[PDB]
Amino acid sequence: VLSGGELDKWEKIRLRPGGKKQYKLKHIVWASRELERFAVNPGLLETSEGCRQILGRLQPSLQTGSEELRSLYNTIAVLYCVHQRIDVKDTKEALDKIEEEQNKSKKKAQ
Amino acid sequence: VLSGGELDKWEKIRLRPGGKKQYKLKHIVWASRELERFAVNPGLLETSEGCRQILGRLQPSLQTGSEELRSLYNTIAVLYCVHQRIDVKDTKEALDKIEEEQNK
Amino acid sequence: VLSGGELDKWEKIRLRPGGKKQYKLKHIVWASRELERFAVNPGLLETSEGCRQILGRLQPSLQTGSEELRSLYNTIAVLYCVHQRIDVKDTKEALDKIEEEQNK
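Residue numbers (the authors' numbering), protein chains in the order written: chain C, 7 to 116; chain E, 7 to 110; chain A, 7 to 110.
Be aware that one or more of the hints could be misleading.
[Claimed, not checked] Looking from chain C toward chain A, a few residues come up when the C-beta cut is under 7 Å (computed):
1. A45
2. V46
3. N47
4. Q59
5. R63
Calculated from the structure, these hints are not laboratory results.
Backbone N, C-alpha and C define an ideal beta-carbon position, used for all residues, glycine too.
Start from the sequences and build out the full structure, keeping to the hints where you can.
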């Protein structure tokens, strides 16, 4: 799911933009169990493309979503960035980078 | 979720047009736990706007929806009308008045 | 859900192509409780038209769906074929005939 190079990066990323706690292995195990509960293939966490497919599957549920659902989305958003060689310090940067790249793909449409 | 003025009208609203059973607090407690079960923030039941968002989230599931889902939609549909200060006698009136606004 | 003539057909269909295990009553019980769990009316399993609506509702979840979700879709696809009196030997033939029927 994460390589050794990906995991040492993962473990430095902060949960909040200026908090002390950082992402850990148990958050990946947690996200993997959450997807099973939602009848989603947890093996999709293994690639950039799988994470991209999951975030698109979950996005329509974000606005009305519980804290559990939003935490799950945020975790997979950070995971997507790690797979993608996108350096992020915190969850918010991961979320910022997904919108500005999803904004770029709109720009690429025309 | 409901103020005292809103809770006062809620308890007079009939489940069926126009049967004996009326909405109570236990219907709100139930709907809130059902939303948690479907990973929906039950805190959206506190406002008119939150209820509209849930109703739009649930709308596409209605045609194939279980009895549990249709009851849940009906309960928050009545809850939306109370928040909007729309007087309704029964669930079916709540469903129509929500439909006439969605048309506009 | 199934008549006796349909149940005689159901119990001959193999889970996997030329495998040994065959569909049984418990797979219908499972699919029905699995649908309630996802807020889908299990009463739609009783007709060809109901199964097609369920399949259409489940379709967008297939690409990211777990093995549990695909297993549910596959069981209802076979049930559709039995209702529609389409002869299938196994789950894959059911899936192929539903795809080729939507192509026409």
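Run the structure past the numbered hints and jot down the numbers of the failing ones, going up.
none
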